[PDB]
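Visitor: One-letter residues, chain by chain:
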Amino acid sequence: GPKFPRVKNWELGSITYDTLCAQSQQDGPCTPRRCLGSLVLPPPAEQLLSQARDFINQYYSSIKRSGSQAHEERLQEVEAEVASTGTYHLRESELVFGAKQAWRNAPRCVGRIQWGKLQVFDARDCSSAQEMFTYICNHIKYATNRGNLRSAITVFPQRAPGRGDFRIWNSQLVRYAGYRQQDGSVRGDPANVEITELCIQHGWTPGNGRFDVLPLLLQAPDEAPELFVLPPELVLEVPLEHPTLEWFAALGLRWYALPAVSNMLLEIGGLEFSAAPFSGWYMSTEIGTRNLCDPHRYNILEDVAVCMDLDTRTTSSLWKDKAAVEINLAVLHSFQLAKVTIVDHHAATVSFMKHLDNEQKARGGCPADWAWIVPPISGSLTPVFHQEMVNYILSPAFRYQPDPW
Amino acid sequence: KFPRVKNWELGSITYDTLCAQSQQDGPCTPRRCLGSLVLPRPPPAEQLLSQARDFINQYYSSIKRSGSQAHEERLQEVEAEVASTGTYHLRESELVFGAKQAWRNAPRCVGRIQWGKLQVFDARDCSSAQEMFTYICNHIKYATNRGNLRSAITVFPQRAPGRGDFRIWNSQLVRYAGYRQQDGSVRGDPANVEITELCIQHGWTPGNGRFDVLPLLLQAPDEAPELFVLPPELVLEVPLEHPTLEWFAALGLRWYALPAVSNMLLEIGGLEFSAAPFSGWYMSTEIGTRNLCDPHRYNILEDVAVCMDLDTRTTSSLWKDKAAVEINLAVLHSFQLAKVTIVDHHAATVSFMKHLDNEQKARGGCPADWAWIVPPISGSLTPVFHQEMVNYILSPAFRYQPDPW
Ligand code: HEM
Ligand code: HEM
Ligand SMILES: Cc1cc(N)nc(C[C@H]2CNC[C@@H]2NCCNCc2cccc(Cl)c2)c1
Ligand SMILES: Cc1cc(N)nc(C[C@H]2CNC[C@@H]2NCCNCc2cccc(Cl)c2)c1
Ligand SMILES: C[C@H](O)[C@H](O)[C@H]1CNc2nc(N)[nH]c(=O)c2N1
Ligand SMILES: C[C@H](O)[C@H](O)[C@H]1CNc2nc(N)[nH]c(=O)c2N1
Ligand SMILES: [Zn+2]
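As they're listed, the protein sequences go chains A and B. With the entry's author numbering applied, the first sequence covers 67 to 108, 120 to 482. With the entry's author numbering applied, the second sequence covers 69 to 109, 119 to 482.
Source of the hints: derived by calculation from the structure; they are not laboratory data. One or more hints might be untrue.
List time: in silico DSSO-like cross-link candidates among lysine-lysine, alpha-carbon distance up to 27 Å [stated by the list, open to error]:
#, chain 1, residue 1, chain 2, residue 2
1, A, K177, A, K431
2, B, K416, B, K399
3, B, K399, A, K431
4, A, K431, A, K141
5, A, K431, A, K218
6, A, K416, B, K399
Start from the sequences and build out the full structure, keeping to the hints where you can.
Guide: In structure tokens:
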């Protein structure tokens, strides 16, 4: 029939064709010989121009003026600017449209149903590492909004030819310290050992808990990184407790409310924003299953299982499954009680099916990474599991980038 | 060229160099990944001849006699036969090697640690449905072994240029019927609705049960299929009860012990066996999660939930996750009680990790489809979730083929 990928939903038996994949101008890791879909990781004025033209057309299409006078002029306005400086700048609303497009285009984000609701903070005037700090404090403030979380992204100056990038060293605006012990173990979060040690090498006076909030290593162009400590009043956290197991609270586990990625590059129309932290609100399994149960993270499965008096001697007791469920229930329950925005993997995948249906009608498909869309617990119990998906790269987009050091 | 495969729990790395032996293509392309798709969207003597050499080369290397006399002589035989007749035949030993390799190369199978222990029944001297049926009965008696399941395959006559294929119409040799009730609902297994009808349309006296073992429709070349009924005593079944929830058994749930796929095609050295049913033993999740909990299957989550008195009012109570875990527990308990081989998803993925290791040293890699290797529940609580995988097509291989109607 149609010569586009055929996508089927094995629950509902429905079929769709992805025609949006044809707009993709960037190749992925696969080839007909082998699929590398499970791997976590992967200017020429000539090429910059085409990327920019493509973006501008996308913008004007979004406002329904393709072929118009404003459109053809803006195109000429960009070729002119690139023609005499090698780069070009985006208009305010062009930045707001691209930032939202990049989110909407993110194949791994299950929360894209919210893609249209992104508060974009233009911080392209920012010229000092101290100022970056200010912008972020504002970001954290606006997004945290006392628990009623709001999606937001702050965009710092774009990379300049022959100039240092604006960079945020931490992977997230809020992350707990990871202290390499004497005996080899790690106190806190093993994911952040390297960032923690980098903070110390830079003057941070380390604490010694399992939940010490790390300071930020911010960096203005061509200068070494300045170190900033977030005011505790700003970093809202939720102490975890179980709705029925009274001892869970005794574990002293907790998590911060704001998930804010900060080391990703925001690419729009060829331009590169190396410092453009974005935040939303958590899906419960991020905390409850990955951060708290991953063998290489807090690894609290055994502890909790012992507490529940489960048979952790044999696998067939499903002691891991039982505890993981309760840890997640606790993340959900605690956040709800503290009145901090959160969403469980059921609600979250259900709204993503809705997003899929919306996008089918609006663009003819949705780039999605199945392995990342399906939750880390109860996989086939959510509807996305039964939904085939086509994964590809559209731009604007968010991309991983080499750590600055 | 060669892909780098990484394990994110241990930080270990490997290089898959086995994918370079993949002669057949997948659904992916550099532009878009279609790895989550469940199905893919006489032969010239020259092509068949090379697939045959390759396979014969594979076989002799396997027994350490490559280059030897027997090897060169065998290659001539195959060539003499292809040239003269446009096809050739396998020697029993070669057939046993091919079948074992086909299982070894099954990307979606997590039970491969066992690949070397497979009882192979050569049934190529079959000339009728009635004969196929005797063969199928012996396979079941052998594989079932009174609950101490043994992995087996039975291979019927290869396909032949212009002449119908021998075929087993059922997808598995043991399936429960799915009867469409008046109200659009379905009594029994909804997945087996079409097949349950085809048997009726071919004279079977249906039942009115939720777990009515279907009869087998066996088709010898160019002849309407024939209906055979499995002797109730040949089909071992397990009654499901819960290790602590006494009310569970009252649900009258039960599942068969033998998982035996019968509608897939086995390809060895370019030859095609359109009827080669194979079986092993179950992994608890297949029954507890997918069979009993899939929306489009027996869909028993709600019932079990209410029976556990759970707030099924909101998703955030995780009633679904809680119920699913108990159901998987009943399956594992029940089978261990009935002394019928079964393996839970933790033990299973652990052994698969070991297998990737033996395969790494042995062949330079191992094709795996991440989405299928990671269990349907508690995904990240298993080692496989954290393991990157390269997926491609090796031969001998098991392929999907059109339904014969
Ligand atoms: C509004 C609520 C949101 C929810 C619950 C949500 C949820 C998620 C989840 C569950 C993941 C996969 C995380 C993982 O397993 O590592 C993810 C990935 C991602 N999300 Fe969202 N997201 C939200 C908001 C946002 C916003 C505001 C942006 C961008 C403006 C965004 C951009 C991304 C990107 C680029 C990824 C892929 C990169 C990565 O792996 O971290 N998300 N999101
Ligand atoms: C002995 C233990 C065995 C177990 C626990 C096991 C388990 C599994 C599981 C869980 C899958 C995923 C299927 C699904 O859930 O949809 C799978 C797929 C598969 N297995 Fe195995 N397996 C075993 C033995 C065998 C044997 C004996 C063969 C063949 C000789 C085999 C051939 C395959 C093939 C061809 C597939 C992919 C095709 C499909 O079913 O969709 N398995 N196996
Ligand atoms: C805005 C936003 C909202 C939201 N709810 N979730 C996210 C996702 C982040 C919060 N949970 C972890 C994830 N961060 C990135 C995941 N791992 C990235 C990675 C890749 C390769 C190597 C390493 Cl070490 C880490 C972002
Ligand atoms: C030997 C073996 C042992 C074992 N433990 N499990 C299996 C797996 C099979 C038994 N449980 C599910 C799977 N059957 C095939 C899965 N889907 C097939 C399919 C393909 C196309 C369309 C549809 Cl609808 C279904 C095989
Ligand atoms: C190796 C494997 O790709 C890796 O563990 C992936 C699997 N799926 C994931 N899915 C999400 N949402 N987040 C992750 O970090 C991962 N990790
Ligand atoms: C479309 C999607 O890939 C499909 O539902 C897959 C996902 N993972 C699976 N994993 C296993 N073991 N078995 C399956 O049938 C599936 N189905
Ligand atoms: Zn792929």
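Visitor: For every hint, state whether the structure bears it out.
Guide: Hint by hint, here is what the structure shows:
Between A/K177 and A/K431, the direct Cα distance comes to roughly 18 Å. Compliance with the 27 Å bound is thereby established for this hinted pair. Between B/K416 and B/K399 the alpha-carbon distance is near 26 Å, which keeps this suggested pair within the 27 Å criterion. At most 27 Å may separate the alpha-carbon atoms for a hinted pair to count; B/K399 and A/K431 meet this at roughly 25 Å. For the suggested pair A/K431 and A/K141, the alpha carbons sit about 25 Å apart, so the restraint of at most 27 Å is met.
At roughly 30 Å between alpha-carbon atoms, A/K431 and A/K218 are farther apart than 27 Å, so this suggested pair is violated. Between A/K416 and B/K399, the direct Cα distance comes to roughly 24 Å. Compliance with the 27 Å bound is thereby established for this hinted pair.
Hint compliance for this structure: hint 5 alone is broken.
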